[PDB]
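Given only the sequences and the hints, what does the whole structure look like? Please build it.
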Amino acid sequence: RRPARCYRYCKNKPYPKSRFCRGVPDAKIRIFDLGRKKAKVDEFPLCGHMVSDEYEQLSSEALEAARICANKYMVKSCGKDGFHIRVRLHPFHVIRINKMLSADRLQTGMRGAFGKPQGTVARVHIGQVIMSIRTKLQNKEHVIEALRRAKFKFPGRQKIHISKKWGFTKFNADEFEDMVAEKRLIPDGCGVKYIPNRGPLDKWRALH
Amino acid sequence: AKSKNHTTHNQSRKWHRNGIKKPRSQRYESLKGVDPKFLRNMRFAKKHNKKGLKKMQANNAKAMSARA
Amino acid sequence: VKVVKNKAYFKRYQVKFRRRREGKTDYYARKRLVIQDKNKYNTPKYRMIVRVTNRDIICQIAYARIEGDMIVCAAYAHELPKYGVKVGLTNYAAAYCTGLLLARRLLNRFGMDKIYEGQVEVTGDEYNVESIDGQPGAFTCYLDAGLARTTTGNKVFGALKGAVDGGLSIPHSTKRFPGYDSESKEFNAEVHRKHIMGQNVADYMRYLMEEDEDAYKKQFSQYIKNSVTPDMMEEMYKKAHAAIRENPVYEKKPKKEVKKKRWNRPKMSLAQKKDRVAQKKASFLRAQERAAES
Amino acid sequence: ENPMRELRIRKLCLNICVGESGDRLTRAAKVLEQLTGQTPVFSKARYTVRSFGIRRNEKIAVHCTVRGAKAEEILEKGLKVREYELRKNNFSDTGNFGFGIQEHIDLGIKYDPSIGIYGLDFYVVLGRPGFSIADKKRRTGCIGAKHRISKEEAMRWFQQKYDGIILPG
Amino acid sequence: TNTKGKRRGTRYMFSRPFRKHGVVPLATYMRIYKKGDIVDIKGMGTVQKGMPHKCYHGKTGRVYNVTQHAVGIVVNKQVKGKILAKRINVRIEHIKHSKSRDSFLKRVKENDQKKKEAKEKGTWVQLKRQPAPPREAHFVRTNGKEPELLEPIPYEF
RNA sequence: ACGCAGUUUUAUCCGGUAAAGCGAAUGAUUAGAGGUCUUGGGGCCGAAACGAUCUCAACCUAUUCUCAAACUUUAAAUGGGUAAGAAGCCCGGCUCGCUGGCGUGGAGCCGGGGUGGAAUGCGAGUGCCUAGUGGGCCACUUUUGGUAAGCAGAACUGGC
RNA sequence: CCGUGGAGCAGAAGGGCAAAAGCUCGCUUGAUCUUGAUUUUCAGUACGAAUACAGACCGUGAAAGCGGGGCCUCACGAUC
RNA sequence: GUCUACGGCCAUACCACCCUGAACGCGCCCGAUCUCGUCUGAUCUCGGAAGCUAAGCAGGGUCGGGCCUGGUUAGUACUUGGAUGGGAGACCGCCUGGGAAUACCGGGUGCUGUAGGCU
Ligand SMILES: [Mg+2]
Ligand SMILES: [Mg+2]
Ligand SMILES: [Mg+2]
Ligand SMILES: [Mg+2]
Ligand SMILES: [Mg+2]
Ligand SMILES: [Mg+2]
Ligand SMILES: [Mg+2]
Ligand SMILES: [Mg+2]
Ligand SMILES: [Mg+2]
Ligand SMILES: [Mg+2]
Ligand SMILES: [Mg+2]
Ligand SMILES: [Mg+2]
Ligand SMILES: [Mg+2]
Ligand SMILES: [Mg+2]
Ligand SMILES: [Mg+2]
Ligand SMILES: [Mg+2]
Ligand SMILES: [Mg+2]
Ligand SMILES: [Mg+2]
Ligand SMILES: [Mg+2]
Ligand SMILES: [Mg+2]
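Residue numbers (PDB author numbering), protein chains in the order written: chain AI, 3 to 104, 108 to 213; chain Ab, 2 to 69; chain AD, 4 to 297; chain AJ, 9 to 177; chain AT, 2 to 158.
Treat the hints with care, since some could be wrong.
[As the list claims (entries may be wrong)] Between beta-carbon pairs, the in silico distance windows are:
{"no.": "1", "chain 1": "AD", "residue 1": "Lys10", "chain 2": "AI", "residue 2": "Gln143", "range": "42 to 50 Å"}
{"no.": "2", "chain 1": "AT", "residue 1": "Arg12", "chain 2": "Ab", "residue 2": "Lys23", "range": "30 to 38 Å"}
{"no.": "3", "chain 1": "AT", "residue 1": "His22", "chain 2": "AD", "residue 2": "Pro174", "range": "32 to 40 Å"}
{"no.": "4", "chain 1": "Ab", "residue 1": "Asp36", "chain 2": "AT", "residue 2": "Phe105", "range": "53 to 61 Å"}
Worth flagging that the hints you see were computed from the coordinates, not collected in a lab. Backbone N, C-alpha and C fix where the C-beta goes; we use that ideal spot for every residue, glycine too.
The following block contains the structure:
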């Protein structure tokens, strides 16, 4: 296991798992929701999300260790089914290794210069959200402390932001309680459906 | 003994040392490369222009000199 | 619950063509029929479009431009009562007759009347129109049978034979006229003249008058209810071809105007559409207010 | 009160799928010739089974399409064999129904012992005047919504004509 | 070492873009390609018989020879040495006109009409195409409403 | 006046990178919801029974998370080609064995008419003979392999 | 019945193709002879490949036209 | 105000459903003796015209799906040229110029040439 001191900020084109690679091992992370997966929208009002600052690459093993630390702090703080954490970031960039000493100068040189797939990292833009935790109104500081414990573990500099939106949807929490009741937004599981006015009349007849 | 393989560095400057030239001068364009049926038209048309153009063009020149 | 029928199919649907979705063109034969070779730059390629429809057939000669197809001349089957042939408007005789009318009308429009008589006496041979030196040459035209399958006996070839006997130089073969035997390669001209004059359907009228008069009164009703007898048909088409070749001038109709119309239902405006929507909203609110209580 | 929108027999399919080629398939074609008076047409590959021994391009089946009064007569003989008792799932969603018979000499044909005991698939489609649009070469247009034949229309046709029983079980 | 064969970089360039796959239109054929006509080159994917080369795509040439169902165009191609006038045989489907020469002929016709009017009425016309002039000392209007004060907004994430 | 430009302007085409998207095709990929066709595994009414019920598996519909140098609806900046006239525009007439309803079309030839036809800068075109050269390197920017290199290899420009 | 290419086009991929360049059927060798021009690599040399022509003899088609090998991108060779 | 035949633009003109069609025309329809090719006159051809606008077709409609166009996104992501600008790097800011797209919202849905016929 080579350190993250050598696999670093983006210097090559994205090389994903596809028909052309066919040699990547399995990634470290497999799941992405840890809290109440079947949580309704009105259950957990607010959310805090972890904003990046450096154009870096985050590894899947770092994502594993960070989601384990955040899950452990959430189940110590607010217990089971009192939070919902989602890792927004998904690993697709496959790094390459050029290993040697398979201890003398007599194995190869720089003859075969193309490498073998070692692991999977994820390219992170500036301002891209790493993780997002939705909880109650009184659990404002616990989300901050959990994302701080993830901040001590991710490399580089990144900040925290408690969102103006209502959880994972793209709609504002200030207009949410006013606008889900009258006309438009209907709860669909953990997501929210937005109806336009460009529908057939049978949808409006089935509603109201 | 590995050497440098291929480059186009320091090439546009050598191109513009002497001022890359348009052909820039073709009056009465060349005629080779054109349809042989069209050439069987045009050569017979030119030699009968050389033969039978005298009297009608002469009377037309006299008529336009009289009318202008 | 089963199929994933239409999600982005409408968004990635490439429409074929207006006339192809109507089912009137193919364009794989039109790209070769229409387009003139570029050594001429202006010379129109004259095409005799022969379209067979129910109750009428159409025979035209047209060419093409980039704006649209310019029609040089046209002829229809429904004017044959005005040109002599009262009944039988979609037969092989009407095809030959419409081709002869179209050829005589085109040569009358071009003024090539006295020369290029063509074939006056209908014989059914392979009469090919030749060009006369010192005179304007023959009219070079090419066929358009359209989407119809060109089997031997199709009356698009009868319209072709009418155009050729009228004097339109169209290159053609004799192995698709009716009367050409499939096994024996020899062509029969007497059968083709018989099929121009329409004596086989005269034999079928004799067959109906001998076998079963019930079908003879069921079909062929306009024939027997004005007048049709086979000797008068054999004289009637022979008089009709001469009556067309003596007067192809196509006297038209005046058609000034009749300023009376209410047929097409016009569109409705944006405000009218939105107020239909608003009345539907108000009526459903009235339904939810009234019928849920009552 | 219905202008010329009448359900009628469009065609009638006759199919015999023999598990081998040669003698039995040729005698099945001879049976279809004894029914119709017209020659059948054979079938072929796009599958090789290997479980009972048929191969590519072998004459697996014979079939024949009958139209008109002969189709109505063979339909009458088939419903006389079944004694007018179909089931609910015979009628397709497009308004077409098949039933099939065993013991093909029940139609009224003198059996020869050299031929063999076969059976024959009967499949009926329904038609209205105006179904030549989708089959003609020039303007292949759509059928329509109010004109197409449905499940309920087909089963009410079979209730009205021939006095059949549905047997919805 | 890039295997310099015919059309080794034409995954997109000789492709019909979107909602245009099918038969070719006939107005592409029904054009007037006479001699001396300044034309353009744009390769087609449907007709694989007369596409010029990947190097002549998007270029502009002059017609020297016209045949039955193609055309011959002279094109200035740049190579390592110097630009050269080269003789190409391209079919009709790959070629459209160039409207720049048509716009120049329209300008020449308008200048000839203005020169005829000048010779008629004795009026100088200034028919040269002057470029975009500097703005004259024009006059603004601020009646009714005061000029709206703009200030930069605070930073909110 | 003739003409030219590592340049700009006015018109006219060309592309498929940066970006963006995949509730749009192809390839991947996360999670929840609704519906009930199908088969498989449990529990219930009880001889058994698609006679009936609950859950799960797969399927469909509307969503939702994250991407793709060898994906793309869209699509920049930069850039490439062309035209900016006396070699051009119009009129009249001959020739053609090319073409052909046509003195139709197209080419060539002959005679005549009017030059003030975007900016800026510069005096241009052409022929012969020939040395040296064919080991390169560095830097801003765009990038390939490598963990990285004063590493190896490319593009423009500048320098040694 | 739905079915815009999700199949097929000899084979590695890319482009392209629906009364089609895909499948089936009927005739046929234009996969023939000959002289120039052009593109590709390029030094504007050659080879291989290809294009538009021209002149004969032809094949198919009702004619239009199409065809001098494979729908295109390679599948091949100087002096003596 | 329309249709028929041939079209040019190639979804503003396709797909699903519901209404309307008076006059020509377009068609569904009625039958195989000749021309015709099929297992079947289902398809293609032969002489029709007893009914019909049920269907195609032509118009209108769907707070319709798609398509085109216009705001929003957005002077944002990008990008030519510059600095002895910042930062350890990652990258970021500025001067000079050019300037994109999805969600979101709003509007439309055929225009025409030739030839011919009906009000
Ligand atoms: Mg070297
Ligand atoms: Mg054809
Ligand atoms: Mg590229
Ligand atoms: Mg990108
Ligand atoms: Mg020397
Ligand atoms: Mg040396
Ligand atoms: Mg180096
Ligand atoms: Mg070195
Ligand atoms: Mg120096
Ligand atoms: Mg279909
Ligand atoms: Mg392929
Ligand atoms: Mg030849
Ligand atoms: Mg028969
Ligand atoms: Mg026969
Ligand atoms: Mg019939
Ligand atoms: Mg109706
Ligand atoms: Mg109808
Ligand atoms: Mg409509
Ligand atoms: Mg819509
Ligand atoms: Mg910059």
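Status of each hint after checking the structure:
no. : hint                              : verdict
1   : AD/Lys10 to AI/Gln143: 42 to 50 Å : 44 Å, holds
2   : AT/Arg12 to Ab/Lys23: 30 to 38 Å  : 33 Å, holds
3   : AT/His22 to AD/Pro174: 32 to 40 Å : 35 Å, holds
4   : Ab/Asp36 to AT/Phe105: 53 to 61 Å : 29 Å, violated
Taken one by one, the earlier hints fail for this structure only at number 4.
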